[PDB]
Each structure stands twice: as structure tokens, then as C-alpha cells.
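*Asks:* One-letter residues, chain by chain:
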Amino acid sequence: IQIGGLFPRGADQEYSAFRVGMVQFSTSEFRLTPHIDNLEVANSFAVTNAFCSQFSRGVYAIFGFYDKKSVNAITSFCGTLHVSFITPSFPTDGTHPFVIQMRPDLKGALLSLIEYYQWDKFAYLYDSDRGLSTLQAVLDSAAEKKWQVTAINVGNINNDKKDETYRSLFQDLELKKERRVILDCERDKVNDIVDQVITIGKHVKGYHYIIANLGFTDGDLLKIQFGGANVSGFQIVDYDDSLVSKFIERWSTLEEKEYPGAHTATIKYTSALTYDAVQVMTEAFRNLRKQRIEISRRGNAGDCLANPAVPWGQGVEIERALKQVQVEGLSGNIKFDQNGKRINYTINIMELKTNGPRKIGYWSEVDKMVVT
Amino acid sequence: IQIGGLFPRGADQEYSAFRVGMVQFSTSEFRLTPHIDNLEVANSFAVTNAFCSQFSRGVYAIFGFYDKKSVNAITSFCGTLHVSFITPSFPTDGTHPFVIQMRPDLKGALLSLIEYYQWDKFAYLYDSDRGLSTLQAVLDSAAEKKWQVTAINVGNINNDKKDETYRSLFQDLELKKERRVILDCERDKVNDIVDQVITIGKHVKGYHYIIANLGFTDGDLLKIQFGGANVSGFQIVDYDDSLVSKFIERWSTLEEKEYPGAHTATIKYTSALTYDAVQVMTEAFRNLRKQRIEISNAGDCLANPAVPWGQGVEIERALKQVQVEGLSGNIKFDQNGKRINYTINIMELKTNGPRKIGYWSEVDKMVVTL
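In order, the protein sequences belong to chains B and A. Residue numbers are given in the deposited numbering: position 26 of the first sequence equals residue 31, and the series is strictly consecutive. FYI, in the deposited numbering the residues of the second sequence are 6 to 301, 305 to 378.
With the rest of the complex left out, here is chain B:
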């Protein structure tokens, strides 16, 4: 069963996690065979081309990553042609079809926590790249719950004055005597920022930071474990989980030059979801034999732009099979709604104490109350 892979450049850990999943989840009676393409995922042209190529090859589904600058390109083609796209990238805001979204929604949990700490005046530092879905919720709810949010787009600082203007961003932000802050950026920025918070000595007592992403332990927490600032975040990989322990003991011992990014004690949530994604995909094709469904080409349709666009017949079966999969993985309960969004899922709430990161509770999609 042929599938396509659209991996960003230097998505090493993720590709390794993907290959590991391939080995583990494929069997004798059943083997996925992926054609992998590596590309600049923010380039809509590159992405449209990568898609159209796989479409001629005759793939049945596509595992991939997309970016704010390329998401519409990919979803529009998937939706139009009935190719299902499975992805660990950010969930789409809209109810798009033929997109199975492995990443859970953080908007929900982040708002509950802001209330849990009973904040009502803070700062919000967002990266334009991530998608801006969350900026709005914080703003929408700051109207409702009357918060005084101080939003600043931080994604448009170039390496040139990286350290120079970050430092002077607190000569602009100390103005409102701002103490509680939320970080919503790609890991490279999050680190780049923390580094700067320390350098200027705003990691001391009196400051509280929330890391708006799903991998709290994913990066280097240590550098501020002892400044005296409060530091909170989210984690969808429970390393206390049996399933996850068994995984890491193999992962931590992989040939680091055969599996780049491996041979470590933690795994990035994106890499985790990439691996869980191989499980979901394999299971949905096993359920398509277990319903004696013929999803095979009897013929091949090769142009991405043929007009009129005629959707693949079996396309809708494959979308269904995927969305009605339920398994347990590195991210716990994997279960989808009609729109390919994740449900019945849990996010650990985390605090950075002096001994280390602590799971202080969880956020259920259902209960929805930070449970402690």
C-alpha cells in the first residue's frame, strides 16, 4: 500500500521517528511503502508540486507537515481531489475535509490555565509562523473575562538584531510593569527568548512564564530551574506512562548516525505524533481489509490539474477509515471527530520546580477543568 511523505528539511528526529514506526507497525501480512519527498514546507509552490507528484505516483494517503504559508495550498488540493492528509502540524481552524490532524488543540488548555492562575493582566508573545489561531482566543476571551492583554508579534525579528531588540523589548515591556508572560513560539524562538530573559535577569522571583506548546520537557528547562521565576507549560507525552517508557528505552539506544535525532531521553512531540501517525495509518488500512473494501487502483489517474477535477472514488472510504481509528500511542488516547480533529485527549499541566518539571494536573477535552 503506497503512501507519500512530505517532510521539511532537517526534520531529522521526526523522520527517524517515522521510520521506527514503520518498522514497528508494519507486519508480514501488511506493509506500507512510502515515497518520501523533502522540501521547504513554507513554499506553497514546492508543496503543491510535491503533492501533485505523489498524486501521479498513485498514493493512497499522504503524511506530511504544513505551515501557515502553505496550509491552504495543501488542504485545498486534498479536499478537492479526495486525498487524505495526515499531519502533526497545527490543527486547522476550519472544518476542512481529508485532513486527519494528529496534534491536539492547545487553545482550550491555555485558557483554562490562565484562569487557574487567575491572571487578568499579562503579556502574550506570539510567533506569526505558528498560525495566529490562538492569538484571537486570548483576545476574544480578554474581552469576555476582561483581561488586559499586551500582545506583541515577535516572529519578525531577524538574526541581525536578535539579542539587540529582544533586550530592548523589555525596555518597552517593563513599561506596564509586566510580570506574567505567555510564550507562543517555535522552539528556536522559545529558547532564543529564555536565553535573553536570563541574560537580563528577568528569570528571578516575581516573574511567571507559560510556555504555549505541547512539549514542556522538550527543550532545556535547566537554565532557569533556579532563577526563582514560576514556569509552567504543557506536555502530551507522559514519560511516566508504561507505553512511553518501553519506547524510550529503545529510542535512547538507537544508532544516532542511523537514526538522526535519536539516542536521547526525551522525544519531541512532533516526532512522537509522527510515530503515532504511522500507527493510525497502518490501522486504518488494516480496517479496510477487515471490511473487505477494494481501495486499489484498477487504473491510474495522473494529473494534479486535470479539468474538470474528478475526485478519486475510493477517496471517501479512506478518509472515513482514518477518522474512525482509535488507538493508544505516545500521545495517549488517539481518537478523531468527523473533522479529523483530535478528541477524548488529555494534556498534562506542568510546573518547573527546583527538583525538576512536575505534572501538577491535567486538562481533559471533556472535564475541561484543569484537574489537580
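The set of hints was computed from the structure by calculation and includes no laboratory data. Some hints could be false.
Here's a subset of chain A near chain B, in silico, CB distances under 7 Å, partners left out [stated by the list, open to error]:
#1 85
#2 148
#3 158
Backbone N, C-alpha and C fix where the C-beta goes; we use that ideal spot for every residue, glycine too.
Following the hints, put chain A in place on chain B, whose structure we already have.
*Replies:* Here is chain A on its own, set in the frame of chain B:
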């Protein structure tokens, strides 16, 4: 010289403005011949297909429109393949190449005005559909100049509870006793917002509204000329201008069934820029003979590897170094296709009518009261 046209559906006025420009700007020695495609511009699939169609036809440039949804699709293909795209849609935030952007940047002017009125607590009503480029500029600043902005995305209200929830959005917005307000919506959402403002009687004295777009007179401002509320906005078409008067006399008398959307006293700024766009293109191809530059089988846009059209950059250059006067005044571009050396009239709604109370220069950058 062949060019492509990518028009949204029911972009009537704009297409008419386009055809008019075609007539007057083309000569004996020089004729642009457009292949026109009408499409759902928010559909990146549709838009990419259309682009690729024109690309095979062998067009030299493309005039068109794009949507927050579909802008990356377009710019990405244009950038990659070296086809130049001229457009009246919102300017791109980046420095994308091969995009000549006819619409000036409103971020600049809007911020100056907020200071001119010396506001520091207001509401900002934005439309998701337009793009959130401005939402940031306002918020980035609200940090800097310590404003207390109350932002609300209003683009995700469906026709069902249109009136129902707009009204109850001031049962949520009267909370902060909110009196100054910025509207950043399409004309359609703008007038809908305005009617509701009147229906509930918040168009009275004590309220001040700023209309964040380039067509202050473009819609019906009369409905609230006399409520007693302050109402300000922007205008890039100066109807007092000689060049524009000559235009409207013709425009206002066109066969309304031969030129839909015409036969009126005002013209929408998009239609204006559409028309100005025919001038800019025309000019740039005339300057390409006036430099004895040769440009002339095209191929598949999905050909791999992508090989850029050789003459492509020449055409991008010619376009970007064009300077003329049009319905929007001084048309002049920087290296990035963005507009420069331009002016925006500042406008207030008085009881006799809208009044040009000043201007905003890209250079002076004052709100330059007069």
C-alpha cells in the same frame, strides 16, 4: 502583448473599470490582449489552476486579486516562475518578489490618526477574512504607546444570527463603557455594522468611529450623517482632483448594462486601482520597447525542476520602475512592488457631508491637518 486576468466572481465594477482602462490606455502602436478568468479567489485550488492555465497560454504578466486564504498560493507561483502579478488586493506583509501591489498601506495612516485624536482606550473590530496585518500593528503599538485596545474578531458571524449577535456584541462591549471604535471590515461588513449601530442608537453624540479602509465615501455614509457621532476615515481617490473629475464625467454616463457597476458618481477604490493598474501595465510594456528589449513556447507550471522564465525579471523591473498619475494619485513603487510617495486624504463626516480635513504622506507621515 498577452496578459491574464483573474477576477473574482461578481467583481463587476472592477471589471468594467478594467475594460475602460483597456480602451483609453491602449493605442494604435500598442495593444494589450487579456485572457480573463472568473473564479472563487479564496479557493487556492481554483487560483492555482487558473494561474497555471495562463502560464501555458504564455501570458507576460497577470492582473488579479487574492484572498488571505489564497495569497500564498499566488505569490509562491509568481515568485517561483517569474511571472509578475499586479493587484489591487491588500499589500503582502513580506517582501515577496514579482508582485506589484497597487493598494497603499493603511497601517501607517491609521496609527497616526489614533494619535491625532489622542485616543488611548478604544475598541478594534477586525475581519478575519481581510488579513490580520493591521490587527498587529495596532497591538504592537498599544504596548509601545500604552493603549488599552479591545480587539474583537467579527468576521465569523454567519447570516443566521447576523443582527441577533451584533446587537448583543454591544451588551458585551458596552461593558468597558466603550465609546471610541475602529471598524476594519469589508464594505459589506462595514455597512451591516453601521445599520446595527443606528438600530440600537449608538450613532448618537458621545461615540467616535474610524473606518479602516481606503474608501470613506465609497458606501452610504448618509444614514449616520446626523446621529451626532464622530465618524472618520480614509480616501485615496480625490474627487476634487482634475484627473478624477474628467474620469467621473465619462464613468457616470456609461451604459450601465454594457458596463455593470458604472453610471455612478463615485467609484470604488478597488475599481479605481484596477483601472490605474491598466495604466501601469501599459506604461511598463511601452518602456520595454523604449529600451529595445525582446520578450517572447511557455510550458507546464509543474515542470520539475522549475526553470524560471528568462525575461521574467526584466518585466518585473519595468513594472516596478513605472511612475504615473492616476485615480489614486502618485503611483510609484519600491523594489518590493509596494507603493510609495503616495498620499491618503483624512476625512470626517460633518452635517453637510464628508470633509477632507487633511492628508497623510508616506514621507511627512504627519496627519498634516489643513
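*Asks:* If a hint holds in the structure, say so; if it does not, say that too.
*Replies:* Each hint tested on the structure:
1. 85: 4 Å, holds
2. 148: 5 Å, holds
3. 158: Holds, because the Cβ-Cβ distance from residue 158 of chain A to chain B comes to roughly 5 Å (cut-off 7 Å).
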